[PDB]
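First, one chain by itself in structure tokens, the form deposited in one PDB entry.
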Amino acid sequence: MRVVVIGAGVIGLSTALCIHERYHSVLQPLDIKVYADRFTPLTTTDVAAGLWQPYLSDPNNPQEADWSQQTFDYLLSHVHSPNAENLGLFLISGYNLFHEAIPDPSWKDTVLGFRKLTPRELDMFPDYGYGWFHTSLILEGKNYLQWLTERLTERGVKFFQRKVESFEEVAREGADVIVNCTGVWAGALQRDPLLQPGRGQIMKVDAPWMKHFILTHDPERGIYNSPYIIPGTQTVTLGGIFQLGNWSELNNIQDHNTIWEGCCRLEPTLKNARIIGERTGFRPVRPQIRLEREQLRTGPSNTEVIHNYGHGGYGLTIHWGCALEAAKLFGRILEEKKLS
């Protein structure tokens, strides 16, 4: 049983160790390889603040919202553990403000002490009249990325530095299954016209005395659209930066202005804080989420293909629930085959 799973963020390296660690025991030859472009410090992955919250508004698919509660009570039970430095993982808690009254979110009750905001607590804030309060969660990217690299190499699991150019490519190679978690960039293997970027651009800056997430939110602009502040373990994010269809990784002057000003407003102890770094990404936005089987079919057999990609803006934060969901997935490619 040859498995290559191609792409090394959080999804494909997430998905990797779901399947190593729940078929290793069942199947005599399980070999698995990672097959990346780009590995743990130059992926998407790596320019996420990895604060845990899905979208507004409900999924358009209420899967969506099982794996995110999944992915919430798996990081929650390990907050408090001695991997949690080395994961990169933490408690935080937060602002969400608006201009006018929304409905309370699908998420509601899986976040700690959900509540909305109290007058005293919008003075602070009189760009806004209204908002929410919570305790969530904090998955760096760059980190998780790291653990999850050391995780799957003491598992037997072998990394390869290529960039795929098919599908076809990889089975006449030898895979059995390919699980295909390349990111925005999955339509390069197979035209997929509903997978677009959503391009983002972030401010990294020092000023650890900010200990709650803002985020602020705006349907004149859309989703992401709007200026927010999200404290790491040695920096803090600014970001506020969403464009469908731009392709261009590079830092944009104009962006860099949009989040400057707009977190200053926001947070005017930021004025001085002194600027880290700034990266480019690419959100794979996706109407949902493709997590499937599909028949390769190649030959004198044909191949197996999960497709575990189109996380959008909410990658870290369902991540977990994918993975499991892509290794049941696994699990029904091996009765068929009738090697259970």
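Residue numbers count along the first chain shown, from 1. The term rigid core refers to the most C-alpha atoms you can superpose between the two forms while keeping them within 1.5 Å. What changes on going to the form deposited in another entry:
- Large C-alpha shift between the two forms, rigid core held fixed: of 41, 62, 277, 299, this applies to 299 alone, with a displacement of 2 Å or more.
Would you generate the structure of this protein in the form deposited in another entry, following the form deposited in one PDB entry above?
Lone chain follows.
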């Protein structure tokens, strides 16, 4: 069975690894290749801080809540492992701040120690009257892509740098199954008017006294259009930009100033922090993830496709449950191939 995974961000690499681990067998070996136009450190996944946190609103597809919890439980089970440093995986606590009262999120029982903030805690944040505290996990995107890449490479998965122009192009080279993990660019291989870029910009700063994340919200202005601060292993991410429809892969000074001034109002100690770097990326925004099989006609043959794209601002948070779901769909293909 020749499988091609298109895409080498967290979704494509985790899906490739899950297909291999579940379905590369002694009596049915797979040949798996990854085709991608960009690899680490140059994907969207590489821009993400990697905090596990779904959106505040309930997902349109309720299975996505399961996939996020599966990812959390999976990662939590390994956070105290000696492997965790190579994954970029660690525990972190922090604040979610609101102007006024809001209902609890659906994921409040997935994270550890979820509670409302107390009055004395809220006194630390002059602009916010309500919020949460909990403990979650960070899975840093660059690190984890590097780790996934090493695991794939040691299992014989080969990687090729190319921009694919069509599913037919890949089918003509002999793929029996294509897994489409192309993030925000999926529309170029098959039009999808529900998929749009949600452009974000972040700054990385040296602020090693910051031991908590701090996410603020202004839901009417949209998720992530409010300051956020997320300590990583080496540096702290500052952000708070979400611009639907904007395809400019270029840091801009207006968004720089929005991020800096908003995060320094939130946390005045950041005025002393050295700015290390700045990045832009495109969240693959869709009303729900597209995670589903399709049969495509590709010249003289049909080809099986699994789509796995549209993970918005939560691709690291949900990737493992999606990758397991994609591998289940792959097993349905194999079961049907026996019954030819």
